[PDB]
Amino acid sequence: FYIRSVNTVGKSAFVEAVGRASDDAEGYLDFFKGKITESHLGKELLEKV
Amino acid sequence: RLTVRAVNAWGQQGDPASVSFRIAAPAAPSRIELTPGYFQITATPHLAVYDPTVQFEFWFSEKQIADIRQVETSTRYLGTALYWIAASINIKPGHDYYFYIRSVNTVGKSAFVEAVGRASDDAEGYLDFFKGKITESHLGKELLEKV
Amino acid sequence: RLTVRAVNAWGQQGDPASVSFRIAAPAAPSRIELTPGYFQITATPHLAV
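Residue numbers (UniProt numbering), protein chains in the order written: chain A, 787 to 835; chain B, 689 to 835; chain C, 689 to 737.
Pulled out of the complex, with its shape left as it was, chain A reads as follows:
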């Protein structure tokens, strides 16, 4: 991210930042609590299990 400040008078210098995405575990997927069914399943798993 290259961020600068602007206004009516003019502009500013550039500031550099580095960003990434969240990598949460367990709690992020707590929304999907026992909701998948046969429809939401892989073909090989369905034909095996």
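Hints listed in this document are in silico derivations from the structure and should not be mistaken for laboratory results.
Take the hints with a grain of salt, since some may be wrong.
Straight-line Cα separation of at most 25 Å, SDA-like style, residue types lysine to any residue; simulated pairs [to be verified]: (1) 821(B) to 810(B); (2) 797(A) to 727(C); (3) 834(B) to 827(A); (4) 797(A) to 768(B); (5) 821(A) to 727(C); (6) 829(B) to 808(A); (7) 751(B) to 765(B); (8) 797(B) to 829(B); (9) 780(B) to 806(A); (10) 819(A) to 829(A); (11) 751(B) to 726(B); (12) 819(B) to 834(B); (13) 819(B) to 816(A).
Fit chains B and C to the supplied structure of chain A, relying on the hints for placement.
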């Protein structure tokens, strides 16, 4: 108050005419609308008398407090806009989240307004995305030990 | 720089008074605030003054 006087060539004062009135813009929010979503709450306030010089500044909290004066030193400032998106990762669905919204203009400020919001309550609107997908790869050792 | 003088009835100039100063809008961002999330980055940069 404003006083008007009419003067002639030399400026001899006439009988004054005075009109008095107030100016202010509290603009207290009339209502607030919260739209739940994936770890997000779309917050939009509305007020009875529209005024194209007023923003709304919001403050976020997790636990309701019994005092309305210490809000500046109790909650956290998040932003002044027309609407806001409360997208986070620490938040979880089903928990109550408190929004303190107040109107701001060039003149001054308004009275605080409290709103309570949550995320999506599970349901089925977030499920129809994996029809025939989610093969073996997304599983771990449990699939291998149980297959 | 601004120069101000006082003029009498006819408009005879007095001794000048001068004051100089500058205006600019640097607004260099003091620090960067970013929030990772689900396939998103919330960028809320700040500044010193």
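How the hints compare with the structure:
| no. | hint | verdict |
| --- | --- | --- |
| 1 | 821(B) to 810(B) | holds (20 Å) |
| 2 | 797(A) to 727(C) | violated (31 Å) |
| 3 | 834(B) to 827(A) | holds (16 Å) |
| 4 | 797(A) to 768(B) | holds (23 Å) |
| 5 | 821(A) to 727(C) | holds (23 Å) |
| 6 | 829(B) to 808(A) | holds (24 Å) |
| 7 | 751(B) to 765(B) | holds (15 Å) |
| 8 | 797(B) to 829(B) | violated (58 Å) |
| 9 | 780(B) to 806(A) | holds (21 Å) |
| 10 | 819(A) to 829(A) | holds (22 Å) |
| 11 | 751(B) to 726(B) | holds (21 Å) |
| 12 | 819(B) to 834(B) | holds (23 Å) |
| 13 | 819(B) to 816(A) | holds (20 Å) |
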